[PDB]
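Q: One letter stands for each residue in the lines below.
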Amino acid sequence: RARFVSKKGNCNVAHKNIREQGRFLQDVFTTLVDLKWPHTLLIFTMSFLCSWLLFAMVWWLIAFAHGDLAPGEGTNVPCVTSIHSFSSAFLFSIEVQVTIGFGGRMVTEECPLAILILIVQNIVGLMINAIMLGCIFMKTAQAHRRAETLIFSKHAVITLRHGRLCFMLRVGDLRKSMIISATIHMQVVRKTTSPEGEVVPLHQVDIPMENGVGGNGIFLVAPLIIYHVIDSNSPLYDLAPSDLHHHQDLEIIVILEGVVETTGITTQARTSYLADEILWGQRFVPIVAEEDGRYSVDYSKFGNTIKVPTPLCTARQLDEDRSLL
Amino acid sequence: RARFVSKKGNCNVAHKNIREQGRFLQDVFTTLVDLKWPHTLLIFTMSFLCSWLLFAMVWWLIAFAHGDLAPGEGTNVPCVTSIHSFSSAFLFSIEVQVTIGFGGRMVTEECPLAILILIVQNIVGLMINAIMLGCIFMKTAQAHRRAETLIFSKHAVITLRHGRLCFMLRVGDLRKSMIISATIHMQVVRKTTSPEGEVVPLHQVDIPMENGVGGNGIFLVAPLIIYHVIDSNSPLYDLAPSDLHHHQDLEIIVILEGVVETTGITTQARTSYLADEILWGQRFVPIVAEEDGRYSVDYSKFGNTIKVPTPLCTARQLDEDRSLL
Amino acid sequence: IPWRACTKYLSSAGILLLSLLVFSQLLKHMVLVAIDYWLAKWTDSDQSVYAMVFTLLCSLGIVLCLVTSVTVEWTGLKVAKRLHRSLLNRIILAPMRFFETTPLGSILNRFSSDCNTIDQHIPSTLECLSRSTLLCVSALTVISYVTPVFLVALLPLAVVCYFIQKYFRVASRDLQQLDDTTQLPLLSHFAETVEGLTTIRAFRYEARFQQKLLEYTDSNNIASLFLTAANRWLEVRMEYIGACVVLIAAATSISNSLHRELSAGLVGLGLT
Amino acid sequence: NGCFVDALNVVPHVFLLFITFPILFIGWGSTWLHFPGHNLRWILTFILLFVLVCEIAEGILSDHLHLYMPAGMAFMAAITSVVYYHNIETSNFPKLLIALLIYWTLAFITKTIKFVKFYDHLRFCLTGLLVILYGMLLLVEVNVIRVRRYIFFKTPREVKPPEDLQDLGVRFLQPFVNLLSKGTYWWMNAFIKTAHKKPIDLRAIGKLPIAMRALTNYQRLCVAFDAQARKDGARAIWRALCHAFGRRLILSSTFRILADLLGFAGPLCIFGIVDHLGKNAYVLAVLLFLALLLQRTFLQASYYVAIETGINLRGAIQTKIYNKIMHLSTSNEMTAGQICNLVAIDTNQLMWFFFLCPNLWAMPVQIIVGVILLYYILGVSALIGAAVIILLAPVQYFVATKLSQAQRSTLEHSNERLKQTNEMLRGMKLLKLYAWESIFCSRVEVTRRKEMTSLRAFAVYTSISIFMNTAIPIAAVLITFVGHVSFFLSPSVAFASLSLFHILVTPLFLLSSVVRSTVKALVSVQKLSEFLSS
Ligand SMILES: Nc1ncnc2c1ncn2[C@@H]1O[C@H](COP(=O)(O)OP(=O)(O)OP(O)(O)=S)[C@@H](O)[C@H]1O
Ligand SMILES: Nc1ncnc2c1ncn2[C@@H]1O[C@H](COP(=O)(O)OP(=O)(O)OP(O)(O)=S)[C@@H](O)[C@H]1O
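Protein chains in written order, with full-length UniProt numbering: chain A, 32 to 356; chain B, 32 to 356; chain C, 996 to 1040, 1060 to 1286; chain D, 24 to 52, 63 to 96, 103 to 160, 167 to 277, 283 to 329, 354 to 406, 411 to 566, 571 to 616.
Treat the hints as calculated values from the structure; they're not laboratory data.
One or more of the hints may lead you astray.
Simulated crosslink set (DSSO-like; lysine-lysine; CA at most 30 Å straight-line) [said to hold, decoys possible]:
{"#": "1", "chain 1": "A", "residue 1": "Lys38", "chain 2": "D", "residue 2": "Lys205"}
{"#": "2", "chain 1": "D", "residue 1": "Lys205", "chain 2": "A", "residue 2": "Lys39"}
{"#": "3", "chain 1": "A", "residue 1": "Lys67", "chain 2": "D", "residue 2": "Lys199"}
{"#": "4", "chain 1": "A", "residue 1": "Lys207", "chain 2": "B", "residue 2": "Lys222"}
{"#": "5", "chain 1": "D", "residue 1": "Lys510", "chain 2": "C", "residue 2": "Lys1095"}
{"#": "6", "chain 1": "B", "residue 1": "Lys39", "chain 2": "A", "residue 2": "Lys207"}
{"#": "7", "chain 1": "C", "residue 1": "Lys1095", "chain 2": "D", "residue 2": "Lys507"}
{"#": "8", "chain 1": "D", "residue 1": "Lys252", "chain 2": "C", "residue 2": "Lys1226"}
{"#": "9", "chain 1": "D", "residue 1": "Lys609", "chain 2": "D", "residue 2": "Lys480"}
{"#": "10", "chain 1": "B", "residue 1": "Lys222", "chain 2": "D", "residue 2": "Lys252"}
{"#": "11", "chain 1": "D", "residue 1": "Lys497", "chain 2": "C", "residue 2": "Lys1003"}
{"#": "12", "chain 1": "D", "residue 1": "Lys243", "chain 2": "C", "residue 2": "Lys1180"}
{"#": "13", "chain 1": "B", "residue 1": "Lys185", "chain 2": "B", "residue 2": "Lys39"}
{"#": "14", "chain 1": "D", "residue 1": "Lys243", "chain 2": "A", "residue 2": "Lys207"}
{"#": "15", "chain 1": "D", "residue 1": "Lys242", "chain 2": "A", "residue 2": "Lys207"}
{"#": "16", "chain 1": "B", "residue 1": "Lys338", "chain 2": "B", "residue 2": "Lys185"}
{"#": "17", "chain 1": "A", "residue 1": "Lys338", "chain 2": "B", "residue 2": "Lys222"}
{"#": "18", "chain 1": "D", "residue 1": "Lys252", "chain 2": "D", "residue 2": "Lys394"}
{"#": "19", "chain 1": "D", "residue 1": "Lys199", "chain 2": "A", "residue 2": "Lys38"}
{"#": "20", "chain 1": "D", "residue 1": "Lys528", "chain 2": "D", "residue 2": "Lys510"}
{"#": "21", "chain 1": "D", "residue 1": "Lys243", "chain 2": "B", "residue 2": "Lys39"}
{"#": "22", "chain 1": "D", "residue 1": "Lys497", "chain 2": "D", "residue 2": "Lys480"}
{"#": "23", "chain 1": "D", "residue 1": "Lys329", "chain 2": "C", "residue 2": "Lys1036"}
{"#": "24", "chain 1": "A", "residue 1": "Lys38", "chain 2": "D", "residue 2": "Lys134"}
{"#": "25", "chain 1": "D", "residue 1": "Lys242", "chain 2": "B", "residue 2": "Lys38"}
{"#": "26", "chain 1": "C", "residue 1": "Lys1226", "chain 2": "D", "residue 2": "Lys394"}
{"#": "27", "chain 1": "A", "residue 1": "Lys332", "chain 2": "D", "residue 2": "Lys238"}
{"#": "28", "chain 1": "A", "residue 1": "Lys39", "chain 2": "A", "residue 2": "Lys207"}
{"#": "29", "chain 1": "D", "residue 1": "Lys243", "chain 2": "A", "residue 2": "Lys332"}
{"#": "30", "chain 1": "D", "residue 1": "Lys227", "chain 2": "D", "residue 2": "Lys205"}
{"#": "31", "chain 1": "A", "residue 1": "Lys38", "chain 2": "B", "residue 2": "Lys47"}
{"#": "32", "chain 1": "A", "residue 1": "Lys332", "chain 2": "D", "residue 2": "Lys252"}
{"#": "33", "chain 1": "A", "residue 1": "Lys39", "chain 2": "A", "residue 2": "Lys222"}
{"#": "34", "chain 1": "D", "residue 1": "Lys227", "chain 2": "B", "residue 2": "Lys47"}
{"#": "35", "chain 1": "A", "residue 1": "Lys39", "chain 2": "B", "residue 2": "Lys47"}
{"#": "36", "chain 1": "B", "residue 1": "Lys338", "chain 2": "B", "residue 2": "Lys38"}
{"#": "37", "chain 1": "B", "residue 1": "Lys47", "chain 2": "D", "residue 2": "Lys243"}
{"#": "38", "chain 1": "B", "residue 1": "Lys39", "chain 2": "B", "residue 2": "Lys332"}
{"#": "39", "chain 1": "D", "residue 1": "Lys243", "chain 2": "B", "residue 2": "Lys222"}
All chains should be modelled from the sequences, with the hints used to inform the complete structure.
A: Structure below.
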């Protein structure tokens, strides 16, 4: 069946019938700073070559028009000394534009028109250099790759903790670098029909993450199983344990947000768990172990799971049995 | 015994068995912007020298191949005027690459192949210059050093405030520059066994910071003792005052987050207090004092402590005695 | 183990045979190097007188070797005799409470093995150690004399070996004892299965016991495997250095002893 | 345009050495993934190292910097290719591999141009060998992209790094390291350094890989025994072990014979050097260095592979005879002692014989090459010398046998002594209550003298062994040199003969122990078959 957002964190829902009013290009550089590296490098070299060829053509033409291009000895001084053909003119254009300044061909004080073309060439060169540096730097603050290094366990299990049904999922870090003030927004989607006859195709509802006195966020050093307790007030509380594996369509997504240390940008990661991915009545294997003088974490058992003799029943019926026991 | 996160704020837990899928290098520049200064300077000079030597070799070869390298008078004009040996060729490479443009050796309009090598040399030079500036700037927003200037008192004491047991810890600032919207996430870890027979090697739980009507964050001007009150609902409420000093293994960590003013990045600081570090029944000495026309803060008494005649008993037993008194 | 145990072991032999052994070994190794030293001058070309001197050296070598071997034999036997007699006499005059305090295994075990072990292996191993160390010192002196400069290049590398020594022993001993331990409960386990075989086949406990024996044989193999891995490590690294030294020796000999030295009889001894 | 083609060759090495440095410096500033052709890649890289040494030799002979620079650049290029492949084995990528493939293609192109321009007109053979090696490495890279994901369709279907040797705490990782360290045991540096500080124990030690357990070796051995018994004994169990342990043993044996060949080769290049200077020698010196290191490395790898096969065999037959201990009948004291000797001495004999198995195949070729080589250096006289040394090998065996006999006798006496001690160290209070202790000590000393008497003959035989050990090397040179010149000599001849004499004396001693071990192992396997089939 159709998934809401894919495991890799990319969004699945394909958009249709966007009334484009042009804002897609109106974000001129915040559009292309999104692109890949080959496309952005291609369009940067094309910017540079475009400008260089434009001014090389205009210079070729101005040297042709002054008549300094006509090879002649005396009665003149070329506006640009030692210019012969188009090739040397393009060499002059790249010599003055990108500010190498070879000086074999000298622009002279006889023609003020060449002064004007230089005084606009250089400023446009400097402006396009300034933007083509700022945008590549604004790019190198792409830290979604740091959204790649995070990992979640492939499937999530539920258990019985403290006499109440609980669901456990793992997270973890993959580098030394921490993520500041990460917060968890844990959401459930379902095609819902209201008592008013209103049917929604998809209905996001927050399920709380259960920490100390409150709080939406967590602290990530070692793999920490996130711990929620479904109660009669919770939206997930009504389902049955035998109807989840095959038929029902329930996506439980988690969105972890946080700002990486060194860049300072705020990244996040998104993952979905389907009704066929989740399973019932198990327990993860303890990862952390007291090694020689530290805590060793073994990621081989990250996705490992052991059987646990826990009663199998619906959370509504389990709450009724708790009322009975 | 083993500590969770070290006093300096660095993380202790050593990771084992990381299924490297290559994302460690896939973060190409967000990897090296983490590095120290000597390594980053080394790899930048190696980038620059690598590119320069590459193009110096190709230019040496092209001047050799055209035959302009063969010293001869007449019947030719070198593609690059006045080129003799490899040394002068490398001088030409560094002359055109890093955009000094000496112009003693002139590239000429006779050979379009030299035009091509120049028109790729310069663009690659400009791109690698752009990245090697953006990443060093993205580095100089390392404000972890500002995470260094914060300080916490070496050990934390508990007291009796308002008829209820309380724990007091100090913090403080070390510069004029403020930290915007700092928030406190105060966590306790312990090897825990659930009533379901589940044993966890380490169990982070939030203990609230007790401010006005609510709120997770604080305001740092002068050293402010953070004030929590452990109650029967709190997770720390069950321990005994004689069993903490030696045997039990309880790390209480605090994570203070906040964004520094001038850079705008969000930094944090992390510290641990062990069961052997914390002590019982004391009071800090008042730091702030009304001086001549201001408030003087003396950091000599920062870690100083005075004895206080307070009853010594367990928080559970103290709550039972409060029920009795 | 300190030099005191060996000091007492050799002082039980007496001053009569200690020097008779040591100086004879030194002289045998000196003859074994001098024969090749004279062969070096033999090479370039009084060939008959040369060959006669070679024959004289060859005879001296074998006579001295026989003398040294007989010395080691006689000394080892005398030491074993005196040590056993002294041990018996000192155990005889002990108080009764001492005999009651110490278990019988330790008192009996020393005589059972220590004596046997020493008689079987101490003389041969001591002879081999002495021959090896003196041959090594002689070879170093040869490659030093052959090349005046090669000497100054070989003292660095040898110091390297010092660092390779420590790190080896402090592990090679350790692993060794571990092997012994994993050999002891294994065999014993076997015996326990043989006697109470009917009880074990009756309880149907064969599976758990087979599991235990797989565990024990794995614990034995891991030890006997790490030991051979460590021996291979030390072997390969010492050999790499032993090849570095011959490389440097030949590289110095080809130039120094031919270009300027103009001596060919040198490079032969050094390379060999 | 020779210099032009030399420069054209220098270029691609430079390209690769320049792209390697950023990545190498990021990587320099625990799952091992292996790719097909890894071992082939490292073998070919060592062959490249060798051919590059030869090219440097050619460049020395010719000299003109630009004419021998290509070798010095390909040297660093191949070392950096090794560094790249280490960086890829440690963390997998699809891009670094393409980064290698580009360089391989360009180097192949340059070498082809060199070959053509040479054909139109020593260099020829070296250039051809380099061409073949680069082509084979190219094919390896093409295989690697064909396997998983160079560009191929979407998802690699990548392996999922092997959990056998990389999952949950294991310390002895022999099968899961770089084929260079599989030879030089570099992975032991960490273990031995940690061992220096903290005392080793079973908690500090690893656990055996799935490649070598009781279950694995037992499974292979029982499969072979099943396939042999379904076609129906001593010969049967023998052939079963043979077919079960298969490729590893012959691999060790061929490592061993190649090492023996190179060891016989060393002294000849010594001889060549000695000849050249008395009348092309630096090349021989560096070749001697290379041949020494390679020969000894192959020898050591051979030893280790044989030892590991033997340990496998011991574990296998031990758990097998324990499996047999479950089904035996009660009618079959003496059998218990025979069983526990069948595990304490018979199994150790079997395993040590399996240690020495490849030596039994490699000894004859060693002595044959030795005798034929010394004959062509010293002529007919050599033959005479070649007899004397060989004559020490049977004599040694005889000596050994005498030792054994003596040992037996001595052991008997020793045992009796222990009995006469066990009483005294138990009736301690009884003994000292009337001071009859000296009376028993006299008897104990009486036994000791008999024990001492046996030990004299044993040590006499030990002395004869040690004496022959260093006497035959002297006697060979004596009766050879005196019997060559003054009966029937450049320094090279004499010193090569000396070297070969030592290189032949070292293996000769081992043949005697090998023969004894082999006959004892044959008897022990007959015993194991008689037991295992009751
Ligand atoms: N199909 C579309 N795709 C993207 N944007 C849209 C689309 N339709 C409308 N919008 C914009 O988003 C807002 C949605 O309001 P509408 O659904 O269009 O109601 P509206 O009264 O018809 O407004 P209009 O279409 O501009 S006259 C509008 O203000 C549009 O500017
Ligand atoms: N040891 C490890 N170290 C780092 N990352 C891992 C490790 N194991 C798995 N991952 C990644 O993090 C997720 C954890 O899921 P797993 O425990 O691997 O379950 P899984 O079903 O076996 O998924 P796989 O291994 O990709 S088929 C996976 O999607 C992996 O991409």
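Q: Run every hint past the structure and note whether it holds.
A: Results of checking the hints against the structure:
With a CA separation close to 18 Å, the supplied pair A/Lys38 and D/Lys205 stays within the 30 Å bound. About 18 Å separates the Cα atoms of D/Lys205 and A/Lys39, which keeps this hinted pair within 30 Å; it holds. About 18 Å separates the Cα atoms of A/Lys67 and D/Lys199, which keeps this hinted pair within 30 Å; it holds. Distance check on the hinted pair: A/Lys207 and B/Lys222 sit about 24 Å apart at the alpha-carbon level, within 30 Å; holds.
Taking the CA atoms of D/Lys510 and C/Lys1095, the gap is about 26 Å. The hint holds against a cut of 30 Å. Note on B/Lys39 and A/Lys207: the hinted pairing holds, with a Cα-Cα distance of about 15 Å set against a maximum of 30 Å. For the hint linking C/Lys1095 to D/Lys507, the alpha-carbon distance of about 28 Å falls within 30 Å, and the restraint holds. At roughly 15 Å between alpha-carbon atoms, D/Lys252 and C/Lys1226 fall within 30 Å of each other, so this suggested pair holds.
For the suggested pair D/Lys609 and D/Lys480, the alpha carbons sit about 24 Å apart, so the restraint of at most 30 Å is met. Between B/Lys222 and D/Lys252, the direct Cα distance comes to roughly 27 Å. Compliance with the 30 Å bound is thereby established for this hinted pair. Restraint check: the Cα-Cα separation between D/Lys497 and C/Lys1003 comes to about 29 Å, which is no more than 30 Å; the hinted pair holds. About 14 Å separates the Cα atoms of D/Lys243 and C/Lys1180, which keeps this hinted pair within 30 Å; it holds.
Distance check on the hinted pair: B/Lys185 and B/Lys39 sit about 11 Å apart at the alpha-carbon level, within 30 Å; holds. Restraint check for D/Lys243 and A/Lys207: satisfied, since their Cα atoms lie roughly 27 Å apart, inside the 30 Å limit. As the CA atoms of D/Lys242 and A/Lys207 are separated by approximately 27 Å, the hinted pair is consistent with the 30 Å bound. For a cut-off of 30 Å, the pair hint linking B/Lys338 to B/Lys185 stands: about 17 Å separates their Cα positions.
In summary, the hint linking A/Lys338 to B/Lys222 is supported, as the alpha carbons are separated by about 22 Å, within the 30 Å threshold. Annotation: proposed proximity of D/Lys252 to D/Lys394 holds, straight-line Cα distance about 21 Å (limit 30 Å). Proximity of D/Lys199 to A/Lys38 is assessed by CA-CA distance (about 16 Å); at most 30 Å being required, the pair is judged to hold. For the hint linking D/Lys528 to D/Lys510, the alpha-carbon distance of about 27 Å falls within 30 Å, and the restraint holds.
Straight-line distance between C-alpha atoms of D/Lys243 and B/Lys39 comes to about 27 Å, which keeps the hinted pair within the 30 Å bound. At most 30 Å may separate the alpha-carbon atoms for a hinted pair to count; D/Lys497 and D/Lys480 meet this at roughly 27 Å. In summary, the hint linking D/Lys329 to C/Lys1036 is supported, as the alpha carbons are separated by about 17 Å, within the 30 Å threshold. Only pairs whose Cα atoms come within 30 Å are accepted, and A/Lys38 paired with D/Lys134 is accepted, the gap being roughly 24 Å.
Note on D/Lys242 and B/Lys38: the hinted pairing holds, with a Cα-Cα distance of about 26 Å set against a maximum of 30 Å. Distance hint between C/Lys1226 and D/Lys394 is fulfilled; the C-alpha atoms sit about 14 Å from each other, no more than 30 Å. Taking the CA atoms of A/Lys332 and D/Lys238, the gap is about 29 Å. The hint holds against a cut of 30 Å. Proximity of A/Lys39 to A/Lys207 is assessed by CA-CA distance (about 22 Å); at most 30 Å being required, the pair is judged to hold.
This hinted pair checks out: D/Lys243 and A/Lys332 have alpha carbons roughly 28 Å apart, not beyond 30 Å. The straight-line distance between the Cα atoms of D/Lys227 and D/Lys205 is roughly 22 Å, inside the 30 Å bound, and the hint therefore holds. Distance restraint check for A/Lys38 and B/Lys47: the Cα-Cα separation of roughly 24 Å lies within the 30 Å cut-off, and the hinted pair is therefore satisfied. Of the supplied pair hints, the one linking A/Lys332 and D/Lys252 holds, its CA atoms being roughly 17 Å apart against a limit of 30 Å.
Proximity of A/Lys39 to A/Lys222 is assessed by CA-CA distance (about 24 Å); at most 30 Å being required, the pair is judged to hold. Straight-line distance between C-alpha atoms of D/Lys227 and B/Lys47 comes to about 23 Å, which keeps the hinted pair within the 30 Å bound. With a C-alpha separation of about 24 Å, the suggested pairing of A/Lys39 with B/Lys47 holds against the 30 Å cut-off. Distance hint between B/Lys338 and B/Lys38 is fulfilled; the C-alpha atoms sit about 26 Å from each other, no more than 30 Å.
Note on B/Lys47 and D/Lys243: the hinted pairing holds, with a Cα-Cα distance of about 20 Å set against a maximum of 30 Å. Of the pairs offered as hints, the one joining B/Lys39 and B/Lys332 holds, with about 21 Å between alpha carbons and a cut-off of 30 Å not exceeded. Pair hint D/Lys243 plus B/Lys222 holds up; C-alpha atoms about 27 Å apart against a cutoff of 30 Å.
Checked against the numbered hints given earlier, this structure breaks none of them.
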